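In this view, the complex is presented without one of its protein chains, the others remaining in place.
Think of it as A, B and C in the order they're written, each chain with its own count starting at 1.
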């Protein structure tokens, strides 16, 4: 499992359940080609997006549908979505965890990168 | 002054000087069209991007060039940039401050919105 | 003005008005002795806590009353307060801004330090 996403709710103090996540890779013509997708579990985590064989060097984008989450809770949000863009595997393969912390008018995202 | 951007360095505890910022608006055909650009000053702030007349209701994108900032200091960071996307002025005119706080493997962003 | 405090609400995207702030210094016998206090203004800022003369080298503590802010809006938050502890002026006089960003189950804090 070379890529995993984990999401938390700063208002309720809970994992974010059933939020949509889309992944893209950048093409030779500089457009974004769809690659993988899913929804977060009851623990706020999304596993099984790609394999070591498929996840080659390149530029990748992760898009989290934050607006649909806050609408479902009846709270008014600021952003359309939350986005992370990064270069992968420049020094060999690694395992990547993308962590996001969510509030209606503010978010943070951190990468935890291992061996 | 209806749109302002402010950037800080969380390693040194200081404002971030000469950082590039580009702004786009969503067109009727779903394309991103160039709206404004500039660089941060000594206080880490960028003023005078637009006017109340020009800044109509729509979806806007603010892209901050965080990779060039880190590379100039000898560091290879995680992110390519920091990007913020939002609907503006849908309940009438407002003033917007977009703030960003930077680390090599993390960033946070916050919006302060006031009624002029 | 060598010490300033600024507070924001991350649910509403707005400055936080009338929030209580207390400051203490560590005494030679290891006790905390009261140094200054005040409340935030309409812009969420608190100015004029001390002077360059009075603000000597030492360990300082800033306590922000976040529980009362949330309770006044009908909310029962996680934290009792937000507290920041730091050594000041150990390489000569500097200006300090202490910023805090508030959610019911989370807070972040940042220091901006400049050479006057």
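Please note the rule applied: contacts are C-beta pairs under 8 Å (C-beta built on N, C-alpha and C of every residue); 3 or more make two chains touch, one makes a residue touch a chain.
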Omitted chain's touching partners, listed by label: A, B, C
Option touching the unshown chain, where B:11, B:27, B:56 or B:72 are the choices: B:11
Chain not shown: contacting residue from C:4, C:17, C:20 or C:84: C:84
Candidate in contact with the missing chain, chosen from B:50, B:97 or B:103: B:103
Where the missing chain touches chain C, by residue: 59, 78-81, 83-87, 105-111, 113
Those residues of chain B which, in the complete complex, touch the missing chain: 9-13, 78, 101, 103-106, 108
Touch list for chain A against the chain that is not drawn: 8, 10, 13-15, 99, 101, 108, 110-114
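To be clear about the criterion, only the chains that are shown with their structure count from here on.
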Chain contact topology (line, ring, star, complete or other): complete
Interchain centroid distance [CA atoms averaged], chain A/chain C, Å: 34
Centroid distance [mean C-alpha coordinates] between chain C and chain B, Å: 27
Set of chain C residues in contact with two or more other chains: 10, 13, 101, 108
